[PDB]
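**Q** If you want the building blocks of each chain, they are given just below.
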Amino acid sequence: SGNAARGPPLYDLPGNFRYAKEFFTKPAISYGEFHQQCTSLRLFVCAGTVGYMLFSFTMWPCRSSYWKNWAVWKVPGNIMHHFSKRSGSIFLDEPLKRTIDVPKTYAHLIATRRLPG
Amino acid sequence: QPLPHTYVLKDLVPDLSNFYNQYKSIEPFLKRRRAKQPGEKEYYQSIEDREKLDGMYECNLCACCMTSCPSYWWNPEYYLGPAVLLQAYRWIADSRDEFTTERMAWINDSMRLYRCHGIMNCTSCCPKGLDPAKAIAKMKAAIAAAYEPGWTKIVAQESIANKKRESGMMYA
Amino acid sequence: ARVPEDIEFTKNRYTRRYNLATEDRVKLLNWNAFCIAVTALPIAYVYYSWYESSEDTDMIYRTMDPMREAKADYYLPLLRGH
Amino acid sequence: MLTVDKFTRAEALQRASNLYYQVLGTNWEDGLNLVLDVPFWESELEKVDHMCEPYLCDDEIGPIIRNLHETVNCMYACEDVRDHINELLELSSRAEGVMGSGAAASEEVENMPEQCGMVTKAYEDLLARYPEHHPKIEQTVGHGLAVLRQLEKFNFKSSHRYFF
Amino acid sequence: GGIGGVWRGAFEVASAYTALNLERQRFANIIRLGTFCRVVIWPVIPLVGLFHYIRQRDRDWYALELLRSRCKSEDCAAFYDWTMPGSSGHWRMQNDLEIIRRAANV
Amino acid sequence: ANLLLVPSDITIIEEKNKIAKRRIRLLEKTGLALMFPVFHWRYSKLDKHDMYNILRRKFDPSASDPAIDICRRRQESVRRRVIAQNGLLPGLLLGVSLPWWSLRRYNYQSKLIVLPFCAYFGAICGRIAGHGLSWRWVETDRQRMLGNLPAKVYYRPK
Amino acid sequence: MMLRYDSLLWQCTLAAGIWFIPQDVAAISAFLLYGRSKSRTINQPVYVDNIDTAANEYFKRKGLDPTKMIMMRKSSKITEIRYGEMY
Amino acid sequence: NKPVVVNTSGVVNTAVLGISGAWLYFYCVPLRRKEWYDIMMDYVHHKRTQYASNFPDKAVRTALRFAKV
Ligand SMILES: CCCCCCCCCCCCCCCCCC(=O)OC[C@H](COP(=O)([O-])OCC(O)COP(=O)([O-])OC[C@@H](COC(=O)CCCCCCCCCCCCCCCCC)OC(=O)CCCCCCCCCCCCCCCCC)OC(=O)CCCCCCCCCCCCCCCCC
Ligand SMILES: CCCCCCCCCCCCCCCCCC(=O)OC[C@H](COP(=O)([O-])OCC(O)COP(=O)([O-])OC[C@@H](COC(=O)CCCCCCCCCCCCCCCCC)OC(=O)CCCCCCCCCCCCCCCCC)OC(=O)CCCCCCCCCCCCCCCCC
Ligand SMILES: CCCCCCCCCCCCCCCCCC(=O)OC[C@H](COP(=O)([O-])OCC(O)COP(=O)([O-])OC[C@@H](COC(=O)CCCCCCCCCCCCCCCCC)OC(=O)CCCCCCCCCCCCCCCCC)OC(=O)CCCCCCCCCCCCCCCCC
Ligand SMILES: CCCCCCCCCCCCCCCCCC(=O)OC[C@H](COP(=O)([O-])OCC[N+](C)(C)C)OC(=O)CCCCCCCCCCCCCCCCC
Ligand SMILES: CCCCCCCCCCCCCCCCCC(=O)OC[C@H](COP(=O)([O-])OCC[N+](C)(C)C)OC(=O)CCCCCCCCCCCCCCCCC
Ligand SMILES: CCCCCCCCCCCCCCCCCC(=O)OC[C@H](COP(=O)([O-])OCC[N+](C)(C)C)OC(=O)CCCCCCCCCCCCCCCCC
Ligand SMILES: COC1=C(OC)C(=O)C(C/C=C(\C)CC/C=C(\C)CC/C=C(\C)CC/C=C(\C)CC/C=C(\C)CC/C=C(\C)CC/C=C(\C)CCC=C(C)C)=C(C)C1=O
Ligand SMILES: CCCCCCCC/C=C\CCCCCCCC(=O)OC[C@H](COP(=O)(O)OCCN)OC(=O)CCCCCCC/C=C\CCCCCCCC
Ligand SMILES: CCCCCCCC/C=C\CCCCCCCC(=O)O[C@H](COC(=O)CCCCCCC/C=C/CCCCCCCC)COP(=O)(O)OCCN
Ligand code: SF4
Ligand code: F3S
Ligand SMILES: [K+]
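One line per chain: the protein sequences are 2R, 2N, 2T, 2S, 2O, 2P, 2V and 2Q, in this order. Just so we're aligned: the first sequence equals residues 0 to 116 in the authors' numbering. Just so we're aligned: the second sequence equals residues 109 to 280 in the authors' numbering. Just so we're aligned: the third sequence equals residues 1 to 82 in the authors' numbering. Just so we're aligned: the fourth sequence equals residues 1 to 164 in the authors' numbering. Just so we're aligned: the fifth sequence equals residues 66 to 171 in the authors' numbering. Just so we're aligned: the sixth sequence equals residues 0 to 157 in the authors' numbering. Just so we're aligned: the seventh sequence equals residues 0 to 86 in the authors' numbering. Just so we're aligned: the eighth sequence equals residues 3 to 71 in the authors' numbering.
Calculated directly from the structure, the hints in this document are not laboratory data. Cβ coordinates follow ideal geometry from the N, Cα and C atoms, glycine included. Treat the hints loosely; a few may be bogus.
Unchecked claim - Which residues of chain 2V face chain 2P? A few of them, derived with a C-beta cut under 8 Å, are:
(1) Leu13
(2) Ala14
(3) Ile17
(4) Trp18
(5) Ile27
(6) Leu31
(7) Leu32
(8) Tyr33
(9) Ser38
(10) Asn42
(11) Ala54
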């Protein structure tokens with residue numbers, strides 16, 4: 000099961016860095032070593048992509064509070080939420096009673112940047 | 109019945125020529141860089157080192173394990189099989205042998221070694237109770253840890269050393 | 001069947017017969033050519049996909065947060081569910 | 001070759017020597033090794049020839065180039081012959097049927113001994129043509145003949161050295 | 066050759082291309098580029114897609130927060146009711162359902 | 000007891016506001032034809048027949064009525080769904096023929112191993128391409144919801 | 000051919016069936032459950048004692064003339080109403 | 003209930019690592035990930051011939067003959 004040994008294991012950072020470097024300096028003269036250069040290069044390319052993502056969300060954090068729902072301990076609760084919604088029809092049988100008319104208020108704000116009245 | 113997936117010469121007599129050819133390929137004879145100096149007696153080997161060969165030097169080459177390996181059923185002419193791989197590691201493990209890297213480089217081939225899928229039909233049917241699967245697993249681990257970029261050149265240089273050999277299977 | 005008996009085998013690198021090994025090499029190029037082409041799908045999806053509730057989202061930023069700086073008072077129960 | 005890259009003789013020697021041992025050390029018997037690697041060898045071989053052109057008379061680079069070219073010649077020749085043997089073996093296998101039962105057995109090869117005679121003749125030609133590559137020839141073509149010898153009983157000079 | 070000659074001649078030109086006509090460098094580069102795609106590019110793309118998903122959904126959710134703040138309303142269900150199925154919780158979707166109900170019933 | 004199936008509210012509005020018949024474009028016809036049958040153990044999803052009715056009705060482009068605007072938005076969403084179905088067949092055919100030609104000289108086992116997976120992968124690629132080219136990846140959640148509203152609903156008394 | 004119950008072919012099939020069928024059925028059931036969860040929220044079946052009374056009520060509420068509406072009984076427990084004048 | 007700011011970097015980054023790690027693991031670490039390479043080597047490799055008839059060649063050949071090339 001698997002290919003013949005082509006290089007170092009993943010956790011060997013110094014060994015992988017050597018193959019990743021050769022991807023640019025020493026051209027490969029066989030498929031096996033070229034594949035190894037890509038796999039070793041993949042380690043750092045993937046690490047860089049994840050690295051920037053973590054940096055980006057720290058330097059420029061997400062502004063909404065929705066992401067508090069993605070906490071690990073809240074995941075099972077979110078799963079149960081989608082399986083426990085009230086049965087019925089998507090269409091409204093009776094008008095909804097809200098204390099604020101959001102569509103009407105929204106229209107006024109866009110037109111004037113000012114609340115009605 | 110004769111051994112599975114073998115060409116029957118007559119009745120129960122199988123045709124095991126391929127098995128013999130594969131065995132000769134690994135060159136199962138001690139190799140040393142320096143010839144025995146005059147006045148030198150047997151090579152030193154401690155009891156502990158000699159104990160490593162206990163489970164591997166007892167093979168009778170019956171080929172029961174060879175013909176019980178499904179990987180050998182599919183690729184008999186490319187896969188060395190449980191018996192030949194067990195013997196290859198016997199010489200690799202031997203302390204007296206000084207060509208460990210050459211042997212590991214040659215055996216480090218996708219067809220020769222890595223067709224073993226851990227089925228374990230080899231250890232189950234061994235008449236002498238040897239464990240070819242265990243030895244094959246150790247050889248893979250040793251090769252993976254010891255691999256170097258220069259192994260391919262090592263194989264080539266040994267092939268040049270075999271240039272004047274007669275016909276037959278060999279290191280190449 | 002009867003395989004041809006007058007095959008002119010390859011003699012050197014510059015006098016080569018066409019064999020299945022060469023045809024396999026052509027397969028390798030074509031299958032890898034497919035991998036280059038099929039990469040357009042995942043890239044196209046990421047570049048073109050959008051996730052927006054409705055057309056009001058753009059209108060809200062245009063009128064209430066044009067510089068992506070306007071802070072908004074947070075009321076946790078809104079998006080917290082309870 | 002169309003390239004603007006420049007290399008010193010020391011670099012050219014290293015590239016040619018690396019390619020020479022890469023080809024010779026590779027296991028030619030496994031067909032996939034040649035399928036996957038040959039495209040890489042050709043690209044490199046084109047570069048090596050271009051940079052080593054001024055050193056074809058060099059006392060060090062010269063011999064390496066000759067061996068490299070000779071090895072590539074032998075690799076293609078052995079591959080072609082062994083490729084034909086694989087076809088003969090595959091035809092024999094399919095003639096066995098499904099599960100080797102003959103359930104949907106195909107038509108057998110009616111001129112198997114003729115093919116064996118043709119293949120062995122090619123095998124002998126390789127040995128004479130490439131006296132310094134016998135280890136590789138025996139690995140690919142010599143072993144292939146031994147497999148065929150199981151299917152059909154034919155005589156070749158090295159048959160006794162393969163336990164036949 | 067008549068009309069047939071033209072038919073065969075056009076086909077001969079049409080089916081001219083073969084991989085064997087490629088230069089040695091381009092033959093290998095195509096394999097290299099294909100191998101690079103499978104190993105490197107493919108696993109990276111989902112990560113980039115995840116990044117854009119988060120950024121766009123954050124943009125969408127925050128717009129709802131901005132709207133509520135300007136309205137200065139504590140009636141959360143009026144802006145996004147979490148009990149309604151599918152996407153109908155969003156206030157815009159609720160309005161569309163309200164329009165449908167009004168125009169359908171008497 | 001008994002279950003009563005009646006047209007949904009949005010279906011009622013479409014019937015009330017339609018002005019004429021709408022011509023079915025060529026890709027729309029092929030898309031509907033290639034759409035799989037949908038058995039209905041229960042009723043919650045639009046099938047090829049419901050989609051045909053939606054595409055057949057014609058609405059006034061200039062009407063400013065909010066209800067009519069919803070009908071147009073629903074129709075556009077359904078149209079994108081229907082034409083996207085054309086991508087499935089080309090992918091499946093290419094998913095089978097191309098690997099089969101590639102493995103033509105190989106044994107039957109290889110074709111059994113490889114073709115089923117390539118066939119499914121080809122169809123998947125076709126469906127992605129069809130949905131992508133049908134502008135489905137840029138629809139807002141509002142438009143998608145309207146295009147997925149059921150046409151038939153169990154009647155709820157009172 | 001020589002077939003034996005303890006053969007690798009037959010034993011592998013039984014091992015595969017025992018190992019995978021319990022997993023597959025559970026996995027398929029879970030997906031079916033998720034589909035049911037969405038289905039009931041979008042359109043829950045509701046039972047009416049008398050079809051005629053419900054049908055009349057439906058026409059009144061929606062302002063539909065019964066003459067132009069066609070009523071058909073797809074099954075014993077299913078009755079469907081359709082527009083008579085539909086393209 | 004009305005915080006002046008909300009900390010999202012920690013939660014978002016944790017999700018990124020968990021999602022990225024799982025995907026990168028499945029695609030990079032396991033040996034099972036090379037299962038398709040093994041199956042092809044076991045049953046498909048070197049099992050080919052040009053002297054046996056196959057439908058794709060026959061179909062192409064007949065169509066060319068039918069159309070006179
Ligand atoms: C195309 C190559 C492209 C290569 C790459 C580009 C580089 C090349 C650049 C230069 C190109 C030159 C163009 C040549 C035109 C054809 C003539 C020719 O060379 O014939 C050689 C040879 C004639 O020899 P000659 O050297 O011309 O001179 C002979 C002597 O002079 C002795 O004279 P003679 O009296 O014995 O000769 C009798 C003479 C009598 O001819 C004359 O009277 C002389 C003038 C002929 C001009 C021909 C121009 C093209 C006609 C078609 C026009 C279509 C208009 C469409 C308008 C749009 C709306 C529909 O016959 C001809 O000249 C042969 C005419 C062949 C016409 C067919 C062209 C190919 C098929 C496409 C058109 C199909 C039309 C179907 C109509 C059906 C009606 C029911 O013709 C043949 O034997 C074979 C004919 C078939 C040619 C097939 C070409 C390949 C087509 C597929 C290309 C695909 C490319 C790949 C990518 C495509 C991506 C989509
Ligand atoms: C109106 C109707 C009529 C007109 C129609 C339109 C006409 C337009 C004309 C102008 C445009 C032309 C377009 C290009 C077409 C050119 C095709 C071509 O040249 O083919 C060369 C090719 C030969 O070249 P070769 O390299 O030597 O190949 C050898 C064989 O092909 C052996 O091959 P293999 O065994 O290695 O297998 C091949 C297969 C190996 O692979 C496979 O088999 C596996 C495939 C993957 C597995 C999964 C399958 C899933 C498939 C999914 C499909 C897509 C789904 C998504 C889309 C859905 C739809 C929306 O390769 C592939 O599948 C690779 C595909 C690569 C795709 C690359 C796409 C490029 C995209 C470029 C970017 C986009 C455009 C630019 C804009 C960019 C903007 C950013 O010919 C063939 O393939 C023919 C094979 C069948 C033989 C019969 C036909 C030929 C005649 C032979 C006669 C022999 C007679 C001998 C007689 C001897 C005695 C006298
Ligand atoms: C459901 C829809 C999808 C279904 C499948 C669709 C199939 C079409 C896919 C099209 C994409 C491209 C396909 C490969 C292109 C060719 C690559 C190539 O030539 O590279 C050298 C290639 C090895 O390339 P490599 O990239 O160095 O090695 C890949 C390693 O895995 C080392 O990889 P790594 O270290 O870079 O790690 C990354 C690894 C990461 O891999 C993964 O992510 C895992 C995938 C594992 C495989 C899953 C499927 C297993 C199916 C086994 C086969 C079926 C058995 C029978 C069952 C049914 C019985 C009735 O990536 C891969 O394994 C390759 C990905 C692309 C191909 C495989 C796609 C699998 C899709 C699976 C989707 C479902 C996933 C569910 C997960 C559930 C989780 C609990 O070696 C060979 O070609 C050996 C051939 C031996 C036989 C001789 C054949 C003639 C030789 C002449 C040349 C022919 C070329 C074409 C070969 C294929 C002919 C059929
Ligand atoms: C030798 C081999 C080297 C190993 C490989 C190294 C490659 C690593 C590459 C990582 C790429 C990161 C891409 C992130 C994609 C996700 C984010 C996204 O798309 O958002 C769009 C974002 C912008 O969106 P945004 O959402 O972040 O924007 C918010 C910012 N404001 C508020 C201002 C709008 O842009 C980018 O993606 C920019 C990515 C920059 C990545 C830089 C990577 C440098 C890596 C250095 C490695 C050095 C190697 C040296 C080797 C030497 C060898 C001897
Ligand atoms: C030296 C090491 C070299 C390693 C090379 C590794 C290459 C890895 C390739 C991965 C490709 C992933 C593509 C995902 C699809 C993205 C499509 C897209 O929408 O893109 C545009 C968008 C633009 O974002 P946007 O915000 O404008 O919105 C576009 C529209 N939406 C929002 C709908 C998506 O995002 C990106 O640009 C995505 C990130 C691209 C990162 C690609 C890899 C960067 C590799 C950097 C190497 C650094 C080298 C270090 C040394 C330098 C020395 C000088
Ligand atoms: C240096 C230290 C670094 C440490 C890094 C640690 C990394 C690992 C951390 C784990 C992160 C996990 C993030 C999951 C994504 C966030 C959760 C999410 O989106 O759910 C909320 C979402 C939000 O739903 P929502 O839209 O209802 O949220 C609103 C919530 N209410 C209604 C209450 C207002 O939930 C859902 O959509 C429901 C389905 C959830 C699916 C969860 C997927 C789990 C993935 C498991 C993978 C396991 C792989 C390994 C398995 C091995 C088995 C042997
Ligand atoms: C060819 O030999 C073989 C190898 O080479 C030695 C292998 O390497 C290998 C290993 C290869 C692999 C593991 C690769 C993967 C292999 C797989 C998935 C299996 C491939 C083989 C097959 C699918 C078998 C081919 C198909 C069949 C044998 C058909 C099976 C179905 C059968 C026999 C049912 C047909 C029965 C009938 C037609 C009878 C009909 C009955 C009636 C009409 C009775 C009517 C009665 C009344 C009352 C009216 C194998 C399996 C092999 O068989
Ligand atoms: C022996 C025991 C056996 C047990 C068997 C049963 C086990 C059951 C286990 C629990 C299963 C629970 C499944 C729950 C599924 C719920 C799915 C869900 O809620 O999804 C929708 C839900 C929101 O949708 P709705 O609220 O319906 O409204 C529409 C949009 N506003 O989705 C989300 O909130 C997002 C979910 C998190 C996604 C995380 C992954 C990131 C996905 C995007 C990746 C980036 C884009 C793709 C890039 C690809 C590039 C190639
Ligand atoms: C190799 C075998 C090929 C076999 C044929 C395959 C054909 C595949 C076609 C069906 C699948 C396509 C995807 C499914 C459809 C998606 C939805 C759709 O219709 O997409 C369009 C957009 O998508 C497309 O346009 C897709 C086009 C795909 C074809 C692209 C190539 C075009 C050039 C063809 C040249 C043909 C040359 C013929 C030569 C003849 C010589 C005699 C949506 O836009 P609309 O709002 O409807 O209107 C757009 C314009 N107002
Ligand atoms: S069965 Fe045991 S003794 Fe016989 S060849 Fe195999 S390992 Fe050696
Ligand atoms: S049965 Fe075969 S697969 Fe390995 S464990 Fe034994 S040699
Ligand atoms: K030793």
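**Q** Please go over all the hints and tell whether each is borne out by the structure.
**A** Hint by hint, here is what the structure shows:
1. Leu13: Because about 21 Å separates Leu13 (chain 2V) from the closest Cβ in chain 2P, which is outside the 8 Å limit, the hint is violated.
2. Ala14: Result: violated, 20 Å to nearest chain 2P Cβ.
3. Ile17: violated (24 Å)
4. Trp18: violated (20 Å)
5. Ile27: violated (15 Å)
6. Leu31: violated (10 Å)
7. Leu32: Where the cut-off is 8 Å and the nearest Cβ of chain 2P is about 14 Å from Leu32 (chain 2V), the hint is violated.
8. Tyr33: violated (13 Å)
9. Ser38: holds (4 Å)
10. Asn42: The hint holds - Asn42 (chain 2V) has a Cβ within 8 Å of chain 2P, the shortest such distance being about 5 Å.
11. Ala54: With a minimum Cβ separation of about 7 Å from chain 2P (threshold 8 Å), the hint on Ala54 (chain 2V) holds.
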